[PDB]
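Build the full structure now, drawing on both the sequences and the hints.
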Amino acid sequence: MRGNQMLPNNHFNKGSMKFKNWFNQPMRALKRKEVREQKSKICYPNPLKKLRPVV
Amino acid sequence: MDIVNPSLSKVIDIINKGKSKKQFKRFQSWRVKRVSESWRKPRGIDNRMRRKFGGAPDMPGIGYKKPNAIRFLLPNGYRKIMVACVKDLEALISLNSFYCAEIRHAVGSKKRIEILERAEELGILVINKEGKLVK
Amino acid sequence: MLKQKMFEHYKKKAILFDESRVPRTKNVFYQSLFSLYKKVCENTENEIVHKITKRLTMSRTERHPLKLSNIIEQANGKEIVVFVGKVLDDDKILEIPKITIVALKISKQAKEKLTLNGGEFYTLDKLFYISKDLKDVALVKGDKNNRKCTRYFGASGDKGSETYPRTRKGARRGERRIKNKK
Amino acid sequence: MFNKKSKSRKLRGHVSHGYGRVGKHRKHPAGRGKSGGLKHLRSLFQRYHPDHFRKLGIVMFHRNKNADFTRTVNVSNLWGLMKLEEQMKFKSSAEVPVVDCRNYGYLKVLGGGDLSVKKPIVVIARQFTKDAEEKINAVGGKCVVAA
Amino acid sequence: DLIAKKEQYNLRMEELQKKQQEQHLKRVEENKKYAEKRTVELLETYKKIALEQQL
Amino acid sequence: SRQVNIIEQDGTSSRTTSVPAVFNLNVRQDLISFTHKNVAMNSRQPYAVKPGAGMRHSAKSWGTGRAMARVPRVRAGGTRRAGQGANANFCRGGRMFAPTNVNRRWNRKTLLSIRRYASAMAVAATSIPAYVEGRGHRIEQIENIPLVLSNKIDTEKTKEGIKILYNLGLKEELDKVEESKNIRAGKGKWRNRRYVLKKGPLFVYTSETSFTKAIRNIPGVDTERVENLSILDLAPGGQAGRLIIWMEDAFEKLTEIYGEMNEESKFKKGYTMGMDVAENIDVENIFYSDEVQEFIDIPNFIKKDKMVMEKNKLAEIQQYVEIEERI
RNA sequence: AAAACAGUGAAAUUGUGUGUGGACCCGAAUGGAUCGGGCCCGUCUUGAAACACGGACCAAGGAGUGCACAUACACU
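Residue numbers (PDB author numbering), protein chains in the order written: chain LL0, 1 to 55; chain LEE, 1 to 135; chain LQ0, 1 to 182; chain LAA, 1 to 147; chain LF0, 5 to 59; chain LC0, 2 to 328.
To be clear, the hints were calculated from the coordinates, so they are not data collected in a lab. Each residue gets a CB set at the ideal place from its N, CA and C atoms; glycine is no exception. A couple of the hints might just be wrong.
Straight-line Cα separation of at most 16 Å, EDC-like style, residue types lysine to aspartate or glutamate; simulated pairs [what the hints assert, rightly or not]:
hint	chain 1	residue 1	chain 2	residue 2
1	LQ0	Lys111	LC0	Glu264
2	LQ0	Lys38	LQ0	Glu8
3	LF0	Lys52	LC0	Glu326
4	LQ0	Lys132	LC0	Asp298
Short, incomplete list of chain LC0 residues facing chain LF0, as computed with Cβ under 7 Å [what the hints assert, rightly or not]:
hint	residue
5	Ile303
6	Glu326
7	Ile328
Rendered as structure tokens:
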């Protein structure tokens, strides 16, 4: 270690650590859209969401 | 082919006889077959060529570069341009005083005939004129 | 006699444009403007023109910005002011004197304020129309030393040093300045 | 520039990759992490980080950020919270503006500079400095404390 | 309009170039005549200075 | 500014329209290129080698004293594989240096304000003949730019659709695309990228119409909506000035989308159309103005000759004569 | 473990024929004997031609990379 820096503190020591990637993000968005649409048919005239209070 | 640029006709032989024939072979390419002839600079701690002892060969460098006017000039006194279409010759129409054309190797016989016919009427020198089309 | 002649020559050569410098931007509108000034320099000795041409070649960080009130503070009673940089609004001020600014760029909120109070913004291509003999102009400059990152330059473990340590920071955590004077 | 070639590509053909022939490039010649700081690295610490090896201050085992979070404004900036079109109305008009700092997320008022326009103003906040109060009262304005 | 004004500059400068050139040759010719007379003077004053020492 | 003529099915023109304000904006080939580079990287799929390839076998070093290099070697018997060199990157069947890995950063960010500005000045370039010709679209036969097709196009069949496009002068452009089809050079021809074609006209619509499915099978025709017009379609390969067929509704919408000069767009919140540091590329010509020519000073054209020191040449510049005096 | 097309068919290495030399390189030449200069590379080292170590020969493979966190510079 040489020169002037903010002293390190990077937590990568643990060999059992898992990584999570997000390559599925656009596809899972499309599935959530298609589930709402079909749910909306099952109860056609009624809104999909209920009324809620203000706090 | 025996042709010359008219602007240099009385000078071309002085120019040609003045060009160097030096080669810069890689060090020890004469000793083992696994080292090719292509130049690489020696970087050893002990190396006799890097240290420039008398009796070792010479190294490339800027001093050997030719005058700016003579450089790139073919032995007929022209510079060269590559062509592969009829529409390429159209570029040379202003430059034919100093430049000549060389048809690319992959252009086939039937097409070459069409290039040469156009070259004749525009007045452009083609240096591969005989080419494959001798038969 | 000779010693004076020599020094007066050095002082001059220290002002004039170098002519082996060029701006690094690939912006063709910026490179157009530099070409004009360059062709003016080789036909004049006037110090304002030489100063302007040298500043167009400096980096984004060297062209540090100024706020409207600081221009007025440095204008020192002149009518026209010139600035190779961007002019920003000062939220602390509303009324200003009537003034003409020739500069590289201006922010939306600054331009409105300048206009409401009476006054004009012109780009640096127009300088020669705004002024006839460059006697009524002031030239103004920012300072890159005022960046917040300059507080960390140097060593905090020197005696009497005013510099700040690079540190983690929280409600309790953080390294202090301990070798300064108060 | 937006793109540039790297240094590694120029070092092809040069033996040591720029680490030296005598010194070389070994695995960890000085130790791992920020260790050694009271020993062989004492000179780095005493030059750049002198307040590292210490314990300091009062301790609360749990703290809440929301209960202590605040943001501060100076008197010279009060008129600046209004939009520029709004500023230019109240400057000429006979009416007095009523500015509430809570609406812009400010809770404390400080005494820096002079007021932009020397006409009355009503300022609502949670706390005022002694200098701020005197300056606002000087122009015939009023300070109103509120939650 | 400026493309037309560019021509007036080129014309004006050619006149100025021819003018300055003519003024230069006259200086060069003037200088040659002064130089002839002066060299005859100085070669004689050396001769005088030498006799002063012999005396 | 100008009016522009609308074109009906039969090629007649009668009604006319003003031109949107976006078309007066100057063009920055630096920013168009930068934006193209970043956005083009957002469509990639990840690739990597298998997570422990090259490391399967039971291997150990033999250590010194055996007259062999101390590489790990394969433990086996009965096969020629016994004693061969195992795990390292310099070994046949070993593990590669720094195996490629899924955690790499595939996409790239670009500020929303730059994306908006780049698309605005790409749209502008679609109406300068120099740029359109420069991309290689051929427009010798086209009467005027831009083209605006009317509504009340009642076309449903490709047969009648082509007849319309021919009447606008596009024949040579379309032919240039059809004749272009060729098989790609290199390994890409194995990986589902077999044929390459030249780019042609883009059609831009805003309102749903039958004309869209009448023109689409013609090679090199491309279609997009005005409200979601992309820089990949407007500046292919990062060079600007694609030829565009506007629909009459779409052309009027450009005023709502980009607004007016020194105003704020209602459709794009927080965005306004700005000013360059100089108005034109021609500003070098200001030198010849009256105001400048009064300011400067008269040049000196007379210049000194280079120093010469050769015996004979020097003797004609300085004729030396001896003297007898001894003073 | 090895082993694709009954394609193309490099180098190391071998036989036959024709030429030029007696380890070979650089500079300069003859009809013709040759003249002058040159110790074996890579590497640690105050110091290598070394009685310091690695290298029989040819092809193909073969070593500053990716992510996180602060940072200075250039560009928007």
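Verification of the hints:
no., hint, result
1, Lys111 (chain LQ0) to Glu264 (chain LC0), "14 Å, holds"
2, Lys38 (chain LQ0) to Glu8 (chain LQ0), "24 Å, violated"
3, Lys52 (chain LF0) to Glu326 (chain LC0), "10 Å, holds"
4, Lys132 (chain LQ0) to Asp298 (chain LC0), "14 Å, holds"
5, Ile303, "5 Å, holds"
6, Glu326, "5 Å, holds"
7, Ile328, "5 Å, holds"
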